[PDB]
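With chain J held as given, fit chains G, F, H and I onto it using these hints.
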Amino acid sequence: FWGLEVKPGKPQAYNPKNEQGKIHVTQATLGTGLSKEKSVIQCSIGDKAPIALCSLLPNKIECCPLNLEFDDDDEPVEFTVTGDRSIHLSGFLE
Amino acid sequence: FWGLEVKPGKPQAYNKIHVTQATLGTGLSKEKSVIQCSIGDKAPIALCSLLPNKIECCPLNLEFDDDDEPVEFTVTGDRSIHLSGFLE
Amino acid sequence: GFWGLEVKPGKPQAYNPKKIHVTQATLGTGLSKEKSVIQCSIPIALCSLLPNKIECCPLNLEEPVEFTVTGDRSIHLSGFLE
Amino acid sequence: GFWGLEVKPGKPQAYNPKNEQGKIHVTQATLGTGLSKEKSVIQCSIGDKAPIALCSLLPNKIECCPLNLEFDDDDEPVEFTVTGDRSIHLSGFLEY
Amino acid sequence: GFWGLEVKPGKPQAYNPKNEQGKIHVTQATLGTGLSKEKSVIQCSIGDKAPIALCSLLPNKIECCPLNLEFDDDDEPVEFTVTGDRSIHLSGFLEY
Numbered sequence: 003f004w005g006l007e008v009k010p011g012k013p014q015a016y017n018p019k020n021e022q023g024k025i026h027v028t029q030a031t032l033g034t035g036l037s038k039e040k041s042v043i044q045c046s047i048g049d050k051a052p053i054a055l056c057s058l059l060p061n062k063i064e065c066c067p068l069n070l071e072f073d074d075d076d077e078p079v080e081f082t083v084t085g086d087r088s089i090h091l092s093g094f095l096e
Numbered sequence: 003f004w005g006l007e008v009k010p011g012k013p014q015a016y017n024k025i026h027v028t029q030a031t032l033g034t035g036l037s038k039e040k041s042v043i044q045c046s047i048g049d050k051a052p053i054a055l056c057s058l059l060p061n062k063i064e065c066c067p068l069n070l071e072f073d074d075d076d077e078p079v080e081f082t083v084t085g086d087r088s089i090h091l092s093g094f095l096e
Numbered sequence: 002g003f004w005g006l007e008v009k010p011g012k013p014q015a016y017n018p019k024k025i026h027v028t029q030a031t032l033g034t035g036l037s038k039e040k041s042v043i044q045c046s047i052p053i054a055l056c057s058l059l060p061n062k063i064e065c066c067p068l069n070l071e077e078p079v080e081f082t083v084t085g086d087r088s089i090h091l092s093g094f095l096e
Numbered sequence: 002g003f004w005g006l007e008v009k010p011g012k013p014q015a016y017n018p019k020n021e022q023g024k025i026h027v028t029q030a031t032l033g034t035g036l037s038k039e040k041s042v043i044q045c046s047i048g049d050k051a052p053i054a055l056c057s058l059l060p061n062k063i064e065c066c067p068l069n070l071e072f073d074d075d076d077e078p079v080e081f082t083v084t085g086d087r088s089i090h091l092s093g094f095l096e097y
Numbered sequence: 002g003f004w005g006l007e008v009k010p011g012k013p014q015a016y017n018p019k020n021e022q023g024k025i026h027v028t029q030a031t032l033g034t035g036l037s038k039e040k041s042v043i044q045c046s047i048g049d050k051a052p053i054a055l056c057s058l059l060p061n062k063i064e065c066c067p068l069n070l071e072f073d074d075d076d077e078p079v080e081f082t083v084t085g086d087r088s089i090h091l092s093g094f095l096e097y
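Taken in order, these protein sequences are the chains called J, G, F, H and I. All letters in the first sequence, in the order written, are residues 3 to 96 by PDB author numbering. All letters in the second sequence, in the order written, are residues 3 to 17, 24 to 96 by PDB author numbering. All letters in the third sequence, in the order written, are residues 2 to 19, 24 to 47, 52 to 71, 77 to 96 by PDB author numbering. All letters in the fourth sequence, in the order written, are residues 2 to 97 by PDB author numbering. All letters in the fifth sequence, in the order written, are residues 2 to 97 by PDB author numbering.
Any given hint might turn out to be false.
[What the hints assert, rightly or not] The list that follows gives simulated cross-link-like pairs (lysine-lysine, DSSO-like), each with its CA atoms no further than 27 angstroms apart:
1. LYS62/J - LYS38/G
2. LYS24/H - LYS19/I
3. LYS40/F - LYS62/F
4. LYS9/J - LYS24/J
5. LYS40/J - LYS62/F
[What the hints assert, rightly or not] Pair by pair, the computed Cβ-Cβ distance ranges are:
6. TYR97/H - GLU96/G: 20 to 30 angstroms
7. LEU36/J - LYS50/H: 47 to 57 angstroms
8. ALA15/G - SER37/J: 30 to 40 angstroms
9. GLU96/F - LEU95/J: 24 to 34 angstroms
10. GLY23/J - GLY35/H: 45 to 55 angstroms
11. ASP74/J - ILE47/G: 16 to 26 angstroms
Read the hints as simulated data drawn from the structure, not as lab findings. Don't be surprised by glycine CBs; every beta carbon is placed ideally from N, CA and C.
Chain J with its partners taken away, still in its complex shape:
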């Protein structure tokens, strides 16, 4: 089992080399709070333009299935969350 809480108020580096296998990210879940603003999580692989991975809507869509693979070769990964609420990534190691 694998999980990471990405906080909103600062872009967050993640290093897949710290995991003993390939990371399967299979879900994003909205963290606690009262904010009704959309929460978007973006991903940049070293210094490339960020790509939006999903978009959660408080009281409508508070989780969504993903199917992403991060390995050693994804040098530094940078996760950025828009909005006032954390996004919980979950999945498993291969």
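Chains G, F, H and I alone, transformed into the frame defined by chain J:
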């Protein structure tokens, strides 16, 4: 086939298992039901969030291993969450 | 290798000796605005469909079955075999 | 190996998997253009058998849904039937 | 092996899978920034073939959706076309 009803309130201990769905249990509560997972001593991670009368099930893709470690499922709200999937 | 199974509401339903991948529940025909839940046993909930909101959902599922559906509408299971 | 098929509403539409060079993985249904707010259901009947609903799309609520279906040679004639006034775009890939 | 592509609206956008070191698994579409409430549809054409809708995102209702598509050296120029005023972010992974 594999399935587990996680009851709300008191954290539920568990321990290859493919978890592929969460479904909202019976009850009248309109409050969100969130299921979290905490490994051993680690901070719990939210696995999904179900909304009565809007989203009452969601697809998952989780793997828990043969070794069987210390996993704790915690459900927020007044309603059980039915995990389903299979074993290979 | 298509596969389909309309579970009607009311009394449950058996299964065929020979592997089945169920990958979708779809809400059957009807006017009922009631929640339709489908369940399995070996009695666990597989999914929950809401008329005029969520009328299908993706599944990933693989000795006695018995399917039972809650609600006024049937649920169409679909997928394939391996 | 991208694969896609637009199923038009009304008259049932026959599909022959023998025309594809591999097994067909259908993974998405997407609602076609149109102003109709009526639900769009796509059904599948293989042999002469009874049709099975594959999904149900709701204009301005749920206009696509993930699928995981496999069609091969053995699915003799497949008949797709769409309810409503809007086409359904099936997409996926071929397995060689 | 993370993979991502922002498809901009309006002018169709050519994509070449031969430029990637393995097979492309597209597994999500996410709605780009913007204030437009209009539907965003992404379509795909492989060479000369009529475009097929891959999904349909609804601002403030459905702003991402799971996909399961495979692009290989084939298709050559998979032309992606986005309806609406907002980019669509495709994400997924490479299979080596």
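- Numbers of unmet hints, in rising order: Nothing - there is no hint that the structure violates, so all of them hold.
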